[PDB]
Each structure stands twice: as structure tokens, then as C-alpha cells.
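As C-alpha cells, one chain now follows by itself in the form deposited in one PDB entry.
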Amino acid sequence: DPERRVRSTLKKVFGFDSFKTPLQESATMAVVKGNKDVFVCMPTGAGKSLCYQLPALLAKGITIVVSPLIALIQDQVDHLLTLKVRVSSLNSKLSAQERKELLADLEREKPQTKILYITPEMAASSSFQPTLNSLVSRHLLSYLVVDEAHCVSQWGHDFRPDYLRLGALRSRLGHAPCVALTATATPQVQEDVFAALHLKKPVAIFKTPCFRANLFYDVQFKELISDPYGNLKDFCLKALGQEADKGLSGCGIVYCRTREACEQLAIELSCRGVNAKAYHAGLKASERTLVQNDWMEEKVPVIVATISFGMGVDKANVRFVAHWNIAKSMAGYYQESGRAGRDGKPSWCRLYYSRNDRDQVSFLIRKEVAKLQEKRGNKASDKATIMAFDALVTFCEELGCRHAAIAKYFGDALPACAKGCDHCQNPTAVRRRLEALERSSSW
């Protein structure tokens, strides 16, 4: 059966005895059957690549993989080579001799090349059209793959005019199933992907959900709070106190927009008896490395940071993530809040919302969009930037499951919140606080 082959090739070539996840498996099987175009939207470290690489080995012919830049392309080729897989890369960073060695290999009946990584520039160039023409005619194309598929959308962050030719490409390669992959797609970006690449219905979709059961999402209104600083300390004390025998157990992050706010919030927290240190661009590199160190090694349980917080920094027992100030985007909030509870254990994610904060950020977004518009003219992404903020304001100012609002933005199914946010745990108490906010709104 096909399962017997796929399991076997997974083991013999790639080395694994079972797939990471049954979603990775399902995607993989759907590409193998080859009746449908496929969209795979999984985050970094999911093994999204396996879902087109493994099926490529099990087919009769060649798999063209279109990736936007060679840095990306190169990583894959080296690893595939190490697995003793017959891979090749066609780019304009290559000598005429290497280029022509490869163009030649492709014009063979039964080429050496099983998988061909190619840049969009090259996949459109006159130099390649005839090679492609011969490959289709000899029925040697098993699959067209488009990586970083989101680049085709003007509503995505990384638009490339290059990618607009890919739809015409897909059309010519009609007989061949098309796979498109990315980590990052709003529903609007997914609709742009399916349209612009001319994917064919039914498009089968494999999309890792945002939802993490062990995170508890809630919003507090700084306007309706006598001791904001004191509220925060209690939130930190709850979160850090889930093993009283150890005393303080775990660590937490407080996120601020400004450096002044960091320094101040660190001092306020420290006084009320929760040891906290400020991390921002203001400090010397040495102070930063020392503060990061103290947090990582649990000397100091709480770090107060600007957007500067390290990408390479991933800790396992982050018991809470407090946004003192609303973030620039729903995506930013998801990512920053999502640094919590990577060890699977219960964690708390809290947004401190003020309309004054909303207004300060709202404006700063529009200012830095204006500064980009003077340097490169208009872009439909500028509209996306503003709507990315609206979605987070809407998260704060509506009644409804917090996890569900996050899922609607990203395009997931309604998640299984087990009284896992404020609204699901007590709907009426949320209505109370929302009503209370609207009383200040009068006039």
C-alpha cells in the first residue's frame, strides 16, 4: 500500500520511525496521492519541507522547488545531499559551466537530478523556458512546489513582483500537482495565494493551529484599576507561586513600549517584593548580556523588556507574559505572549489595555508607515499594518473567547478553550468591566 512505502522511505532515507505529528503525516499522504494541489502553513521547526521532499522521491519524475532567495535554498540542498538524495540548485550565483552542466542534465531522458531548487528570477528567464518545455513534453515533471508562497500577496509583509509570474507557470504545468508552503498567512493572504498561483479546487489545506490549551488569556483595563503597579505584582505572585514549597518557581516577562516605562516598572515591581530588572537598547551591550544571564539562570525571576527581547532567547518555564502596553499587532502579541509555557505547564498571558495606550501606538504606527512611504511610495501592506493593530484593539474592546479571537485573525477553527480565558471562565464579569470602561467613554 502507499502507507507501507511512505513509512519505509521515511525510515530508509530520512531516518525517522514515525512522523512528528499526524498533521505532518496527513499533508505528506495528500501530496503523494497527487490528485489535488496542496497548501501547507506550518511554523518554523515543524518539518514542513518533508511534506514535498519525501513525496518527490516516491514519484516517477522531477520535483521543481521555487524558493525566493539562495540563503534559504542552500540550507535544504546541503541536508538533502547528506541523505544521499540526488538534488541540484539553479541560480544566477552560479558559473556558466555549472549552469550549463545542469541545463544539459535536465535535457536527458532520465536526468541525474530528482529535486531541482530554483529562484523565481531563473524560473522566468528566457534561458530556462525551453528546458522546462522539454521537461513537460517528456512527462518528467511530477510536482511544482512554491516555498514562501505568502510572497505573492501584497497584504503579506514580504511582497515580491517576481512571484506574480508563478501563476502563469502553474497554468503551463497543468498536468502536475502544485504544493505551496509558508509559516505566515492571514485568511486574506491564503485567498491571494490560491488565486494568484492559480491553485486548483479542491485545494487541500494543512495549517498548524495557534491554540495552546495551557495558556490563560485575559485583559485588564488600567483605567478601572486603583493600583495598576500593585495589580501586576499580584499577577506575577499568582503565576510564580504554583509550587509554594520551592518558594518562587519559574520566571516571567513584562513588555513595555518605552525604556523609561521599563526602568520605572522594574523599580515599582522590585519595591513591592518581586525582583525585576530592565532590558532595553539604552543599556550598554554588557548590561544587557548580564541582565539576560540573571533571568536565564533564575537569579532574577522577572525581566521588563522593550520589543528588543532576544529572538535566540527561549526559556521553558516562563510562568507569565504581561503586556503593560498593547503591542503594534495581533501577530506581535501572539508571538510575544507565546514565549510563555513552552514546558506545557499552566502559564498566564495578560494585556493591560488603556485607550490612551491605544492612541499613542495607533499614531506611532501611522508615523513610521509615513516615513516608509516617503522612501518607497505606496503599498497595500501599509493598510495591512494598520489592520494588524485594529485586530488587537478589537481583541481588548469586545466580549468573546480570547483564544477564539486570536484563531479568527490567523484563520484557524474555533479552538477548545476549557475555561482557558477570562470570558470563557466568567462571561458576566467581563461584561461588567467592559460596561465600566464605556462609562468613562461618555463625553
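Numbering follows the first chain given and starts at 1. First, how it differs from the form deposited in another entry.
Hinge location among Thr208, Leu50, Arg272, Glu287 for the rigid parts moving between the two forms, by C-alpha fit switching from one part to the other: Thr208. Superposing C-alpha atoms between the two forms shows the smaller rigid body rotated by 16° with respect to the larger one.
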The other form holds:
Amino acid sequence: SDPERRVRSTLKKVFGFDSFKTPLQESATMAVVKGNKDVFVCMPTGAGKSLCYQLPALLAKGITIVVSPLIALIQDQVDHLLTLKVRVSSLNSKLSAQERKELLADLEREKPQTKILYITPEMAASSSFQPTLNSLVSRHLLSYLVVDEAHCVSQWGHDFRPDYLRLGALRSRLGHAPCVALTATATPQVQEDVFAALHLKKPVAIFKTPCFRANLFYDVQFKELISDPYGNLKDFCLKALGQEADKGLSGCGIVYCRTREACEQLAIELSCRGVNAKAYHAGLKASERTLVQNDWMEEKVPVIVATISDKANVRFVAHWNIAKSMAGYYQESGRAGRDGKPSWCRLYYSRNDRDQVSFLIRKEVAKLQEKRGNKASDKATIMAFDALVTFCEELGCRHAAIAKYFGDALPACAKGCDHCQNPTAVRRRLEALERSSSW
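Alongside the form deposited in one PDB entry that was just displayed, please also present the structure of the form deposited in another entry.
There are no partners or other molecules in what follows, just the one chain.
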């Protein structure tokens, strides 16, 4: 019938869904279906970005080419589509010489039955694929060009791939077919690189998940100032778990830390000080690991202390150590409050921790340089950490600092962080921090 009916029908019949995850996923999908614009989709990992090109591909008359970096995830995408009985093929390196011969044979065929073709950037840019490609171009088969993991064009997206800089010329040969670019990487620098590198037609239809979540209360505490660090964390956990309601503990929480030793010790200290906490790290047997995870999920143990890692009622996330990046901190802290109820995100910052993490990052970079020489991209790793340091040391709204990093508008923070609740208090704490290293 109408556009909405076709979409709703395929959504249910093919993919098995009664609705879209979000109005944003819906709007993005409809903009791809309409086919009048180039489209940029920027949503977190797991938001269902794939549907935004997979579904309109099936509604189109031609084939959809999808460029994706790693064959592993490609195969998982293909396997998933195969379970949906979707006619999906993948051209990459893992294919044998005859397997390519058969896939090429279909694409060179009049009215091929390949609907969606996954391909790596190297294969899409290989001199061997150009004949098959030029045929598709000139015979006007192509409905969509999809560039997944579009951040790979960027020296600032933490996974730069040279072959992704070849996709722009490829797209320009196709003024006929709309281009859809998708990624979870949400910085303005990366977005600008994507638009230019893929030669996207302007104005681009942008569908981007807003970062600001008003039910999360962010604050930064300076370990240098805390007289009783374990007691401080204990009280933070108990408050968040609904201590003052006197109806028993409610919800759960996570404490992130860098080392297994801190993990084990924090779990001990918290348990001794009045909140049941269990350690979770790679040094444990996978047995004990699975047990602790379940005890947390099943709310037998309210607090998990973790070195690594989606429950809906996470009332707090505390970072005992500053994270390696702003993106990392945002994703980790953002595990709190998925049910929409009030939650607390606290970062325990210390300049000693800052120095140690900065040191470790630069040691990692140096290892990479010994391996494959200097790269333009190595500054990105440092800057991503520096943005989180600024977040900790700066006076201003915590939600705003996060928004700035992702290029979002000014958050309507209604006393939703420590700075906005009491700016003078935060300024006083920052002044005490400077005095701690004074004469």
C-alpha cells in the first residue's frame, strides 16, 4: 500500500518485529526508503542500525551493496539474515576461487537474485571487482550504497582503514543510488570526516541519538580530598540503592576499576563496610565468573566490582578509576538507569590515577609504533583520554561536557549534576584539590 504499510509489513513478516526500537530508528528507516537523500545514521552499538538499511533494501527493486570492515561481524550479519531466509551473499577474502566465480556469475546475470551484498572495503576497491561493479553501475541495478562502520574513514575514529577513503569515488560514480552511512562513533570530527570522505550529497539527512539522559545524576569526586575512600563509596552505593526509603535495598549497581587487585580489595572493603559486593575480573575461573554474574542479574548480590563487562535497574555506576576515554566513560556510566528511574553516575578522580592511565596509554601507543611505525591516528587515543580529564577538572555542567564531546546541543540539566546542583561547592572542591599539591 502506502510507504508506512509496506514498511510495517516487512518489519513484521521478514524481521519479526511489531515496531521499531525507537522513533529515531523508524524515522531513519523511512528516510532511506524514500530514496531522495544521502543519510547518516549515528546510534549506539546495539540500537539496531542494521535494520535501517536492511529493511529498505528489501523494499527496493535493485541490489544493496553494504561495505563492512571485518568478515567476522559480516558473517554474523549474513548468518542472521539467512535465519530470516534473506537472500544475502558476502564477497570477501575467505571465499574460494570458484566461490567468487559463482557470485560474480550471479551479479553479471540479467536480473540477479542477490538482493543484499556484503563486501569488505578492499574487495569493493579491488581492481578485480571494478568490471563487475561498472556493469552494475551502467546497467542501473544499484538501489543503495551502504557504508557501515563509517567512522573507519577517519584518523579520529579509533579504527582508521585506508580502503575506506576509496569509497568516496565509488559513491560519486552513483548519483543514481542514495548512500547510507552508519556508525556509533558520535564525535563531530568523525561526522565531518564521513561526509567529506564518502562524498555525501548535501543536505545529509541526519538521524543521531541524543546523548543527554536527564535521569542520570553525574558527579566527580577527588580522591585527594576524601578522608574515608571506602566509606565514601559504601555510602554512595547505599544511598543509590534506596537506603533512606527504609523499604530494603532496591536495584543494583556497578563499581568499575582498572586492576584485578583493586577489584578484589574494593569488594572486600565494601562488604566489610556494609554493602554486599563481589569482584568480577579475568583472573577468575570462568566458573566463579558466571556465578557472580548470575548473582548480580538475579539480585542476590546488589553490587558488582568489575574490571571488564543489560540490566534495567542499575541505580548507580561508580568509576573508582578514571576511564581510558570519554567514549568509554559515557558507555560504561550509561549502563545506569535504563529503566528511566533516577540513577547516579560518579567518577572518583585523582591526579595520580590520571597520570598512571596517561602513562599506560602512551606505553600502548609506543608498542604500536614499534610494530608498524608512526601513524597520524595515534594522537586520537591521547585526545580521547584528555577529554575525560578535562571533564573531571573543569567547572561546569557534567551533562554539557558530555554533550560537547558528541556535538550535541546544551542539555537542560535541572540540578542533574554536582555542578548544576551547587556550583560553589564544586568550585571549592577544585580549589582544595589545587591546595593539596601546594606549599
